[PDB]
Amino acid sequence: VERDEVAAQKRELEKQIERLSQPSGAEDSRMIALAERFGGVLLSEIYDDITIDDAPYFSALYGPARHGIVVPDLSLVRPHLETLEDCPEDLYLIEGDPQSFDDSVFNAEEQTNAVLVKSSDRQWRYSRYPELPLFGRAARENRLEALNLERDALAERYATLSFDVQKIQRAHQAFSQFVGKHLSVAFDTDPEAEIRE
Amino acid sequence: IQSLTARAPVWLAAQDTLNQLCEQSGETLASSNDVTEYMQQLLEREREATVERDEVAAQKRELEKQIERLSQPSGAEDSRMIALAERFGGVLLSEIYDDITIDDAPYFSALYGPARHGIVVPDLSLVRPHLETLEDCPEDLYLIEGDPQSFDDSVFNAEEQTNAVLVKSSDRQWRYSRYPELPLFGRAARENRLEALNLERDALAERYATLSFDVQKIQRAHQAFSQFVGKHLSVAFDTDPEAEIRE
Amino acid sequence: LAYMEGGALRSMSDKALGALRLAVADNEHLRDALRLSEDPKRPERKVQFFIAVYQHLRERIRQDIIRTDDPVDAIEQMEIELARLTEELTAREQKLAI
Amino acid sequence: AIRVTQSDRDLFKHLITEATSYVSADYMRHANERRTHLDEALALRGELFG
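Residue numbers (UniProt numbering), protein chains in the order written: chain A, 644 to 840; chain B, 594 to 840; chain C, 1138 to 1235; chain D, 248 to 297.
Worth flagging that the hints you see were computed from the coordinates, not collected in a lab. Please note that a few of the clues may not be correct.
[To be verified] For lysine to any residue, the following SDA-like pairs were computed, each having C-alpha atoms within a straight-line distance of at most 20 Å: (1) A:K658 / B:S819; (2) C:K1152 / D:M275; (3) A:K810 / B:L636; (4) C:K1232 / B:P731; (5) C:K1152 / D:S271; (6) B:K658 / C:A1156; (7) B:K761 / A:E732; (8) A:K761 / B:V720; (9) A:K658 / B:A651; (10) A:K824 / B:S827; (11) D:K260 / C:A1156; (12) C:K1178 / D:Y274; (13) A:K810 / B:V720; (14) A:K761 / B:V748; (15) B:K810 / A:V644.
The task is simple: from the sequences and hints, build the whole structure.
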């Protein structure tokens, strides 16, 4: 039972690691296609290399808009807008130079472990610092390796339990054979004394 | 005859228990090795039935969590939002839109996007001192300014399109929302959908009950065989003494 | 039991009857049958008492949750129900509200 | 539910056991008595005829 339990957890970890499809941590290819259909680049691809120290700050700053396309024109989209049907239900678009992307328009003010952004007239948005930020990924290989460490720990535990079960089954077979061939005489006394008599 | 007579009663008791045991199962046993192989098949059935049981359990947990999100008071991220709604002089937006019809519900849900479950607060400067204290709140909190009692449509640079809505959120920013089905706002028929979910979850509860019963049956069958071999092998499958005594 | 002397058989029968008198105290049909059973010169009466007991149990099975007609087989299903119910009793602890 | 099922199981398991033992022991005692009668008949018959 225990080795089966560990195998199930290792399947869960393997599923989680597989969910890190590409490059290390899955990114939606459909968004890449959309970025191809309009002159621009995916925002995470622009900040995928920022430092891990500031990555949580940036992710808090952008909020839901983290996944969006940087299109400096905004004239290509409006005609094509009614043509978009396969796109994600909440599509986000930003205007700026993809090669040298100037700071997006946020009236952002930094709080303790949080950010406050005056998004629009009569709208403020408040967000706290997360972990595993969408920006500064740097492939976030360290998380993939932490998951690999956990997966390997589970694999090792599974290996030990399988070995133990094999040992137990071998002992069981030994006893089955014994009671199959010696039980009739087991624990009886030595016949030599009676023969002497 | 004395030896056979002393031996007989034990063999007979063992045979009665064995017959009861194997008849209780579908397969008929004939030897020690046979009993062992039946043990192994029993283990395999345990570890298959348990997997189906656990998977159905996962679905049931997801269903209850989904139902629970739609419950109260105006189904939302209720964990903190209710207290956050009263700690400022505001009203939850989804509660203001409690009464909207099913036809305008998808439109409004697309329009307001992530901000559907924000709070209306007419000044937004009175929160500025309170804000630093917010360490216990959803990771993205939305605040809107307007009259809570007769809130006017938030000034959006909105633009209706075929089955979708375009909005300019900021200079050099736009959002495009496609009409969802079965939205947040209009929490009159969203009770209709949670009714559908209750009907769905009933079946999962029933099926899970049957699977758990089956697993328990298998476990007790293994317990019975173990008890048997603990108390029984000394004379199992031996030759019948009635015959030999008669001879 | 075929390999036992009559004294032990009578001892078991007597002690079983002692238990039965208490077990069957309240019922009347079974009590009448048991009363009738104790004359050694009319053996079939005892099997008739046994039949009465089995029928009486079969009425009480509550087949809403059980299906076996034979009570002896129904014991296992009651055992399974106890195990399953004790397992469901475990815990949920997702407690947070207004 | 656990309470109700506990009561039902206890009642069944005790009453069935007592009924079964009380009936079966007497049944077997009658079987043995018949065997003894047959053995006695055959023995006395044998020696009488011889």
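Next on the checklist: Against the 20 Å threshold, does the CA-CA distance of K658 of chain A and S819 of chain B hold or violate the hint?
Outcome noted: violated (37 Å)
*Holds or violated: are the alpha carbons of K810 of chain A and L636 of chain B at most 20 Å from each other?*
The hint holds at about 17 Å.
Holds or violated: are the alpha carbons of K761 of chain B and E732 of chain A at most 20 Å from each other? Holds, at about 16 Å.
Report task. Measure nothing beyond the straight line between the CA atoms of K1152 of chain C and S271 of chain D; if it is 20 Å or shorter, mark the hint as holding. Result -> holds (13 Å)
(message) Check whether the Cα positions of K761 of chain A and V720 of chain B lie no farther apart than 20 Å.
(response) Holds - the C-alpha atoms of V720 of chain B and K761 of chain A are around 13 Å apart, at most 20 Å.
Given the hinted pair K658 of chain A and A651 of chain B, is their Cα-Cα distance within 20 Å? holds (16 Å)
Assess, step by step, whether the Cα of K1232 of chain C is no farther than 20 Å from the Cα of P731 of chain B, and give holds or violated. Holds, at about 18 Å.
When you check the alpha-carbon spacing of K1178 of chain C and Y274 of chain D, does it fall within 20 Å? Holds: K1178 of chain C and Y274 of chain D sit about 13 Å apart, inside 20 Å.
**Message:** Just to be careful, I want the Cα atoms of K260 of chain D and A1156 of chain C compared with a cutoff of 20 Å; is the pair within it?
**Reply:** Distance ~13 Å between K260 of chain D and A1156 of chain C Cα, so the pair holds.
Check your understanding: Between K1152 of chain C and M275 of chain D, is the straight-line Cα distance small enough, at 20 Å or below?
Key -> Holds, because 16 Å separates the two Cα atoms, which is no more than 20 Å.
### Message
With the threshold set at 20 Å, check whether the alpha-carbon distance from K810 of chain B to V644 of chain A stays at or below it.
### Response
Roughly 16 Å between the alpha carbons, so the hint for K810 of chain B and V644 of chain A holds.
Is it true that the CA of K658 of chain B sits at most 20 Å from the CA of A1156 of chain C? violated (53 Å)
In this structure, the hints that do not hold are numbers 1, 6 and 13, in rising order.
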